[PDB]
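4 protein chains.
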Amino acid sequence: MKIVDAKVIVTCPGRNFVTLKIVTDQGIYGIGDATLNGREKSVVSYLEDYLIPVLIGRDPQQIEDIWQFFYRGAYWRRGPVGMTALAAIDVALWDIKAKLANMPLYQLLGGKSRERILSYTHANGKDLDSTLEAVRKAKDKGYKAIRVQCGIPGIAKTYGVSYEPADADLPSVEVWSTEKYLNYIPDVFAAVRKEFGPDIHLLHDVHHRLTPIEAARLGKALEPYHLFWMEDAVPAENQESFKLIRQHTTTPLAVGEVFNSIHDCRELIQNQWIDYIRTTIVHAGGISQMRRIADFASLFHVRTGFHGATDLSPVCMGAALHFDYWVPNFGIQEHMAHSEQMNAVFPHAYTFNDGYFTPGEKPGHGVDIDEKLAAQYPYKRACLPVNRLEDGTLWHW
Amino acid sequence: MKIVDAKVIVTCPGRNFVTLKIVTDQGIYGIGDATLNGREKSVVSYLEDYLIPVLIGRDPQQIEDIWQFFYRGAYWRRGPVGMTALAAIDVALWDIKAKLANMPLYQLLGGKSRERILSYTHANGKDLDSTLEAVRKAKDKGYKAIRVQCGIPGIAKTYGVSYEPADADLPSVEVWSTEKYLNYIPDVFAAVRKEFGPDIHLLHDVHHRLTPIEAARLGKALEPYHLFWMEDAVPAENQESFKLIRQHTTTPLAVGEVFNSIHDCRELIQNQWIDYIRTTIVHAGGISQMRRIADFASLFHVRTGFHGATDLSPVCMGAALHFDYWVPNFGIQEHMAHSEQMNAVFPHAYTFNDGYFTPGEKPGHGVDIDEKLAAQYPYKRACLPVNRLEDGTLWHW
Amino acid sequence: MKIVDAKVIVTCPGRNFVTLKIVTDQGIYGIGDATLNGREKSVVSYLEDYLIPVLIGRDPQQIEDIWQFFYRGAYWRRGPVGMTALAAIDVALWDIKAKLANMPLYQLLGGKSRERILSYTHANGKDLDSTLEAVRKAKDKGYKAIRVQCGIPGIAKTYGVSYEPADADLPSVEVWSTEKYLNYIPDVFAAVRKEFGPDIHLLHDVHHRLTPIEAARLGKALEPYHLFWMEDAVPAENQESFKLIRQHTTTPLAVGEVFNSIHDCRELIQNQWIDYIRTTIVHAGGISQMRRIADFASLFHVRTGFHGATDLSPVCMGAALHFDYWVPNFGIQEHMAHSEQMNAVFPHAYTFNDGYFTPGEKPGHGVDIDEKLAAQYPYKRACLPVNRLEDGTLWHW
Amino acid sequence: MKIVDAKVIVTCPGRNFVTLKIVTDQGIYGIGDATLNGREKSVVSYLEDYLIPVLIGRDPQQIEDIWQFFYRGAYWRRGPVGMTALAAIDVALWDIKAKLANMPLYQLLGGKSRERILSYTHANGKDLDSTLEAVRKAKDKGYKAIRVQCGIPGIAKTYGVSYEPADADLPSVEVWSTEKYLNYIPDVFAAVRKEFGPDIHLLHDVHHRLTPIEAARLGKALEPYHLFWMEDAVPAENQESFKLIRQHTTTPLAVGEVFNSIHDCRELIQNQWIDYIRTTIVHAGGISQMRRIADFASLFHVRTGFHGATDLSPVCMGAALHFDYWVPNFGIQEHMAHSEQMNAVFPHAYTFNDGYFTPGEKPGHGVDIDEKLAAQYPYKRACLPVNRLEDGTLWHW
Ligand SMILES: [Cl-]
Ligand SMILES: [Cl-]
Ligand SMILES: [Mg+2]
Ligand SMILES: [Mg+2]
Ligand SMILES: [Mg+2]
Ligand SMILES: [Mg+2]
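Those sequence lines, one after another, are chains W, V, D and Z.
Letter by letter, the first sequence follows residues 1 to 161, 167 to 402 of the authors' numbering.
Letter by letter, the second sequence follows residues 1 to 161, 167 to 402 of the authors' numbering.
Letter by letter, the third sequence follows residues 1 to 161, 167 to 402 of the authors' numbering.
Letter by letter, the fourth sequence follows residues 1 to 161, 167 to 402 of the authors' numbering.
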């Protein structure tokens, strides 16, 4: 068996998606997401100019050898661009292997561990009354878990308040006050629990903005409202930052949508400083690496909570749902819904019912790409915002 | 898909082997080793009286759910008997999944990572001249790595000196002197290096007999002879025992043929106290658990060194060689050869050439069991020896 | 003195019990419990096919040598099956030694340390009103300590809600929601304290279902109700799991009915992460090992809290009560009462009065087995339940 | 002051170099190296498609704000591609600031700390006699410090044996044996010390190939030869890997040419596990980040040892030599010489005399780019090799 061609498809059916297609000599092909929000073309070059020329002629069944060849062989290891390129290759090869086996991908991984996959949606409001209305709408759509974000008085724009953060040709500049946020946000959760009661799962994304003792304070203030998690409370390049938060609160902690390697989270997990790892298939080297992260996590009670924003394409979502159907220590799947225009480019077998997913019984990850339709939507640059404090300091968005 | 029958086959073609066969409703079947040397019938009861009745009617594709169901559902977790029964089930289910995929098992795991699998053999002598002759014979058979064990002056019988340790209806009683051994064994390695030079890989199995500071002493004494490993130097129920050895020597360390769980070796591995993990598919819950142990090990530079004594059947050896062909952090495969009579009961696809194995290209793990021939050889009890010190103290064999 | 015979008696006077009887050449005999709930016949084989043939002809006075011979000599060490078989031997030999001394067993251990032994009973209800009624009934029976378990709204079946968990030929499948439980259970303890006041000792068994930060949350929520203990809050194969719970709550912690070795709890105890060790004579290698566990525990303020469910036979209960009468760091004895039919098979000297036990003054542990009556009740398989989450995930029962 | 244009120049005068030029509205410009060996075009896209469009119109004097804007604002932080793009910007802005000040760059950093900068060169041979000849030639060129690499018997190709490792359109595949290397390399250093005596500084690059206990063994074997350093002994994604090496040898340790962030080496440095940090201006975010790494290093006795292979352009070398002239804890500068054809494209003020450099007194870093000459040499792909073990395993090159 040999790879005879591989190509990168770039399309913008409402936002940019990058997809790798690998084609074998017996006409089976596989696809993988390669989208890196706000840096997309750097991955297109990484694949087209360096990795694809090496793939040609290789036996696609050699998933592990190819993964190690690219992970170690780049010499400069890890990193968002290289690990997203490698994720695209890895997923496309698992898609091929499952097609060759005539099995849905979750069967290759070890079979199903559950009959349905819990998801969460987003409820965002500019103020508290609008936030409560957004929670009602999310519940009305059948979601049993809801991420709640609310505008803060005295702050113009804040994270998560249809929201699509890559909103401009060059980065938008948001302004931020930590103290205004910490004083106000617990009141939002008190009002949501008063209206909606204790059974609904509530999530909150802090979006990198606090220091550890501020996150400790916030976690304590949110304990009465028993959140499913408090996410990304502090930037995590120094993993020891979470030890102080963990010392002071029992609100469960999630982190890691921005990571690309097990080495970004090994210490967070083995020291039991977090409850959910959010690192994704598309941004951290594919299924091969994420199986290892999830298995490592399971020894320490940590559960998977994959990021699921719209900048992860339906190809990532199909791979993630097959992974979610098998992995023992599944926690939750984020679902920020794609638009109809986006979905049409990526026919898929996964489906949603009453707050839960199943991955679909098609062979492979069950996702394809309509190349003729993708070609109708040329790339259009869109970058993520930056965040400044009130004095102008460039802060964490 | 459903399991319609499952049975335990017990045979003694020279020594006892226990095998599980699981049969599906489309006539595909799978087999797994269930042999637990010197306690074999306890696993036969564990499977026949408790686990098989639950398997019937289950979808065999649900490998992970079935693994967790038995691992957690026993309530009394881990342990040699239950984890060997679960290994037999797990391997038989991976054998079925690979047959359903029409692939050799190593392809399901992620494909091959190497073209051949290094093995080691045993060289045993009653004295130094006979040990040197046994090393010559092992080299003449094409082995590039050799475990060297030698009789010690003033000690009647010592470990590893055709050797088959389960030698009696009830346990044989060996006698041991640590100080006689520590004074003599380095001279054996000096003489082997003088005759055979530096290129041959040399291994030594201490067989549980030392305390940590004695193992530190021995490791230091063996450094000039640059061993591939020093194995099982101290009993390892208290994993911190290896910290003191690691403090004092750079001879590489191996342990773990007797373990049945990742929880027996998590601390040894994450603290970098060992170089090779020896825990096997048959004794530690099958491929599902050993993939997790090997992956965990890889984060800490630890490599696989599966035990490979004759009490692991050819079904274990086939599963181990498919695992060895894929796993990135492969170190070595032990090969204590089965006899012709043993091999005839278990037709297999794996082959040996010039010191190395390949697993074979047959679907599944490539091993089968000839039931009609197995039935010619009824069980015959054989227990492992015990070891006493010179004063009678019951020691570690 | 020699052992001339040893046999395994299996009987089901309402549930399965396995008993070893060792007979000496002067007609003194001893008995030990060998019951391993839901895996019983694997221990019967371990004893009949491997250990008993070695016992014959040995001097029964050599308790320590025989213990080490089996513990080390199995080669594959520890584990539920082997450690329960060894417990049966060890207890039967202590029974013989105390008979030869003409003393109740507690005198051999060092004599009595107390005049009576505190016990606790079970109060279980399907809802809060029924739970309160069960607490009243338990108090009316003279108990000064009561384990309270209550059905949770929105959950069909939960742990501990006459309850006998091995309820079926194959495992029953329970369904579980952690979040429903955590939201409700503190209200049960508030209502029990409001009705019954502060003097009664209250216990709760979490039954393995939480993660560490969830157990930290629950322990904090239960602090106002000053429980005697919160038990088995998280699965404990990774003993470091308790460090995070201990960081966050002063509710006292108990664990360990499922353990079989000191190596399952050494780190829990020496780091002062628990208050009570629950590991039993029958499941952890008998009196010889439990004396060592209790003594180790005493250096770190940990007290004994032996498990005492109905699946530990009256032979275990007699041995446990003699141990309880002597051990300095006694905490409490669980008492889930045997039925009349069960008690008739095992005549015993221990007695209950107003919430407390004494072991009895008969030589040995004071328990015997009526072989003729035992023979009226053939084995009948009964397995423990499994537990699944609402999505189907196989969880901890 | 405003940036009015910025462009990426790609040229291959013997090997590929990528350079950013930033032009201000008063005609001052600055340049920075952006070369990422074997992945070059991914950085060209990162800059052209994402970062340059943001630079236009910014005040170039705002070095720190621009650094934080790109480091945090990418969202996906760190990594070889993004940190090399940011390095190019940072160096070009420091070049501009020093031109605006009319000072050589080292004056802006704090002035000179030394009068000359020690360098080392490479001596490589296919065998020992040729290695000794290469050392003689290196000494004859005036070098006082020499990195020695030698071919190993029984190994075809090994690291560092005019050597330019990016030698092919697609990766060359080298083969490796750790045990052959460990047995032989100490003899090379014994022979170099016998011929050349103790005063010459000797360096060795292990090139990622060992495990920690193998590196401990090698460091001990090299102690008699008192090396300046042993470099890159083990892959360092798990920084704790160096703790075991440090436990066992006093040979000084260097690592880090492949790192891109302080977070790749914080633990190596603060625990005193290394002696020299090798991370470079071009690959780790420029002067702004490297000042912080070097200052952090100084608290723990760690000295700078910048990588200096030919794939770091003369623009990197000029920036590195100005940094080297100022930084207090300077250790050494690697110098793998550029060819005449390479040097002609990048006129520069730094000079070499008798083994040492000075950076030059021109304003800025003293390096420029001849755009007309650069345009004569179009890009030509060249990738770094990969390394396989003798069985085919994809290993660390
Ligand atoms: Cl990157
Ligand atoms: Cl067991
Ligand atoms: Mg987020
Ligand atoms: Mg061994
Ligand atoms: Mg309990
Ligand atoms: Mg180097």
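You may find that some hints are simply not true.
Since the list gives no way to pick out one identical chain from another, each pair is judged satisfied if it fits inside one copy or across any two copies.
Claimed, not checked - Cross-link-like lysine-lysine pairs, in silico, DSSO-like; alpha carbons within 30 Å at most:
id, residue 1, residue 2
1, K2, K385
2, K199, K137
3, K157, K385
4, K157, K2
5, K99, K137
6, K157, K21
7, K157, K112
8, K126, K99
9, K99, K377
10, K141, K7
Source of the hints: derived by calculation from the structure; they are not laboratory data.
| message | If you test the structure against every hint from before, which numbers come out violated? | response | 5, 6, 8 and 10
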